[PDB]
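Comments concern the structure below.
Of the protein chains in this complex, all but one are displayed in their positions.
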Amino acid sequence: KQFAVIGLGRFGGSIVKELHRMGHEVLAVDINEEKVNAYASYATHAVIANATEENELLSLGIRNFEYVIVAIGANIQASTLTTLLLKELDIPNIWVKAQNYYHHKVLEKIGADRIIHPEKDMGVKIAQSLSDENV
Amino acid sequence: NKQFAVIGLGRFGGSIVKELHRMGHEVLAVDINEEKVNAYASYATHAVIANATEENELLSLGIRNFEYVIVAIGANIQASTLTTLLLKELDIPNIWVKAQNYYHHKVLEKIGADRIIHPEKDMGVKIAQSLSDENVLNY
Amino acid sequence: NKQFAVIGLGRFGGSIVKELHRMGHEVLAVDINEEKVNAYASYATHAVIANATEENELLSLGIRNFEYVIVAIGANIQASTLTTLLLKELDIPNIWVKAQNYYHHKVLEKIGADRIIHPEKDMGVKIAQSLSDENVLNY
Amino acid sequence: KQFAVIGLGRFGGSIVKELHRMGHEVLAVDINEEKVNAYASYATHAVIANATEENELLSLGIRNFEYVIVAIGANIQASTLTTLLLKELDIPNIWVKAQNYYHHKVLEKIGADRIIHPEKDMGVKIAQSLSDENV
Amino acid sequence: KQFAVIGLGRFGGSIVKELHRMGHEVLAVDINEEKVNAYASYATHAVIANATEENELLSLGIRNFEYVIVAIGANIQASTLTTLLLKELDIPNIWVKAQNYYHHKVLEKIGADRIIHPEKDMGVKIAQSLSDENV
Amino acid sequence: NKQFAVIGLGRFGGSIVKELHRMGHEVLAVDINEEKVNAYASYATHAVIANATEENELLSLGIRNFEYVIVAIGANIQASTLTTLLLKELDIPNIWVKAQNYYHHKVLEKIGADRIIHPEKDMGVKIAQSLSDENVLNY
Amino acid sequence: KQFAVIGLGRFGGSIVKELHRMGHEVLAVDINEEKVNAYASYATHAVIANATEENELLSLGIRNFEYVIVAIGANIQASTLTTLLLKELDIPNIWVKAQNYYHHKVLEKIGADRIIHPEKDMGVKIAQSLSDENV
Partner (left out) sequence: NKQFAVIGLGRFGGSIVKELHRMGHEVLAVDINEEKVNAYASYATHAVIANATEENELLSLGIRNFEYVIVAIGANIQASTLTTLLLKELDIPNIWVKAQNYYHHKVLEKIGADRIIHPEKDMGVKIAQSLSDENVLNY
């Protein structure tokens, strides 16, 4: 039921807007206040927080969500520390955006339930979308 | 026969080439970098080394003959817009382009791109969709 | 009344503004840089500070009302193409743009520029013409 | 009668092509061989030379021309040394492309007969071209 | 008994030379051949390998060692993937050089037995060395 | 009283300051950056903001009065060598310096550094020692 | 009798201090106010001015000096425009610091009475100073 998105970049921010459009409630979070404001109107709650800090993770209630998506970008360290922590809180489903090959490999062994690769995944989508031309 | 062609064998471009191959489709794969072209020899019917911004090289490829041509050039807005510009000249039925940002999208719309892809954002909506399906479709 | 507008008050843009003033024509002068706008206050009917790439700022200027609009933005192909892109949307009767190179020229042709200026090259032909006149016209 | 162009950049190169199209003979010169080749077909003679070197200027015969245009670009020093030398050879008309304000001022006091400013000059041309709309 | 050092930088390379001087046998490994050669004379065996690749880790016999030190530097991703893999092979003691705060935190939760911080640790050493002045 | 002074509150410098405090020793902590000086106010008897390369600022600090002065300046070989150069002038009984590389070490030896620290390498030998102790001392 | 120094860099500034030490009066000038202040105590008069501007050159009285040294540095254009102007005012002796080979060549043809090359000239000085070891 619950949906929480950590990291409001193009990928993460986009999934927050879609959840909203599809009439779903979503907790949006990011360390950058500016980022949090840009999506405040699309989320039930938009909170400024460093997903690395366990104390901020608890005062956030993140442990109460069924699905938490980690969409941190360039900061690969924050990304794996964050999923490591969500895994300690036993979040049912934690999906993570993988920055690169090594990142996927660490995430796989860390406890991420689904690893997302925008570029590659969108690529197979377009290939299947190309075939559909004659379906 | 000569239905699909992909220019730019990066993560995105190369991925559409592999998937097409897996689905048993013929695919023309091109890049300016030879190391990229050699990495996709086992997936493309033909994998040629060429500069998509060169009008002559586009003829030596036969591109004017494909129904769909994907411009998957990355961090080079210039090479990307130039290329789709040359493709529209050869009146390609369908030219799809990976956009880098809002600026790039704006020029591609007017320059001839029939479809514009924004991997990050677009994948975001599909992830939202998968999440909704987990609960709504009761999956 | 509202016949000419020049966006980009560099050497080229500012020069067309001054000459127009000298010829007694009304001219709308714009730049994003205030120091540039203040340097042309004595030559333009109105000298406004604005970012030509912003759709809102283009309305707050009234640009949709001019017959000729010159995009004289320099070393910023992006700001330049974006701007002429917004101008064509507002259906400007005549939009003239200073091109930076071959690539820039190619996008401007398809994006809406009615005339494209290449200062260096273009001035070269006129200099050739002046040389021919020195001898041919016996001057 | 004679026309010689020193510096085959966009400005200089362009005036060589126009002279040719208008059926005129022109001596084209530049220090960069590649540049000289790009315009070899448009000039009666295209020669590789450093216009700074007096010896190369004489083995070039530059002193025999009525009009010599100095179209050196960024190398402002070469530009003023070159016009200084052409002035010593008493060339009838020496026209020079001015790089900036100080450059114009030195050229003016050095002996350049006409100082050309592409950007500014093309600017008044466009202003006059704009008026002509109702002429 | 067994000692294996992954990453032959200043830190890792230095521990290999000391083990040798103290008459100990040590397996030295690095992805850069040049690095491996610089320490070939100090180790019983010096092998070129990407510690990220499980296949290279096995053809290396790394699983047979009692102590394996991961001294990768700037490549923080390789560093945590490498310790993650050594942990899967159940190496008795795996000591890791921590690049920064987040890195220590991930390493701590990953299975590193000892986390080393050259700068900080050498710092307390000097403080204790300063006191000893009057001991 | 005025026994230890540490210039440069980076990872290395700040660490010696904290440990000294933990051991109950008085310590003079200095840095040019105020944010660094404020981060160590709870560990140093006195935490002053100063540029160790300035002869005047070194007098306003009283440095000539300490038995041991640690130059823990990092990625600034110049600020580092200059500083130890000024310290040797004031005839400091003991001046210890963190070296950045072989070049830096070579100049520090001749410029007056009584002891030169190479964190990475030096820590490497101690780690080797700990490993030997695990087996040799049967620990 | 009169001495004026234009450009208070290491070279120009140094000649102002020496003239002062040797009990001579000197007019010091530079476009940068900070520069002018750094030598205000060594000159009879220290004035802020752009030596390129003829109006500033006259309100300066520069034309009344017997020796004017142009010590502009990187701004080679200002340097040659400035000597060109001092030459129009017919200054008896104008000495100029040459930035490079082309610069010397233009200066030579412009009217500079003496061209100074710190690096090269100091070089022959040291060679002669080396010989003197056995003189």
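Per-chain residue numbering starts at 1, and chain names A, B, C, D, E, F and G are given in the order in which the chains are listed.
By definition in this document, contacts are C-beta pairs under 8 Å (C-beta built on N, C-alpha and C of every residue); 3 or more make two chains touch, one makes a residue touch a chain.
*Asks:* What chains on display are touched by the one that is not shown?
*Replies:* Across the whole assembly, the hidden chain touches F, G.
*Asks:* From the list F:48, F:49, F:50 or F:85, which touches the chain that is not on show?
*Replies:* In the complete complex, the chain left out is touched by residue F:85.
*Asks:* Need a quick check: the contact residues on chain F for the chain that isn't drawn.
*Replies:* Within chain F, the residues that touch the unshown chain are 78, 81-82, 85, 103, 106-107, 110-112.
*Asks:* Please output the residues of chain G touching the missing chain, sorted low to high.
*Replies:* Looking at chain G, the ones touching the missing chain are residues 1, 3, 9-19, 22, 24, 67, 69, 93, 95, 116-128, 130-131, 133.
The definition used in the following text is that only the chains that are shown with their structure count from here on.
*Asks:* Look at the interfaces A-B and A-E and say which one is made up of more C-beta pairs in contact.
*Replies:* It is A-B, judged by the count of C-beta pairs in contact.
*Asks:* How would you label the chain B and chain C contact, same or different, if same means the shared numbers make up over half of all numbers there?
*Replies:* Homomeric contact, same residues on both sides for the most part.
*Asks:* Hey, how far is the Cα centre of chain C from the one of chain F, in Å?
*Replies:* 61
*Asks:* Just give me the whole-number Å value for how far the CA centre of chain B lies from that of chain G.
*Replies:* 63
*Asks:* Determine the centre-to-centre distance between chain E and chain F, using the mean Cα coordinates as centres, and give it in whole Å.
*Replies:* Their C-alpha centroids are separated by 26 Å.
*Asks:* Can you tell me which residues of chain B touch two or more of the remaining chains?
*Replies:* Residues of chain B never touch two or more of the other chains.
*Asks:* Is the way these chains touch best called a line, a ring, a star, complete, or other?
*Replies:* line
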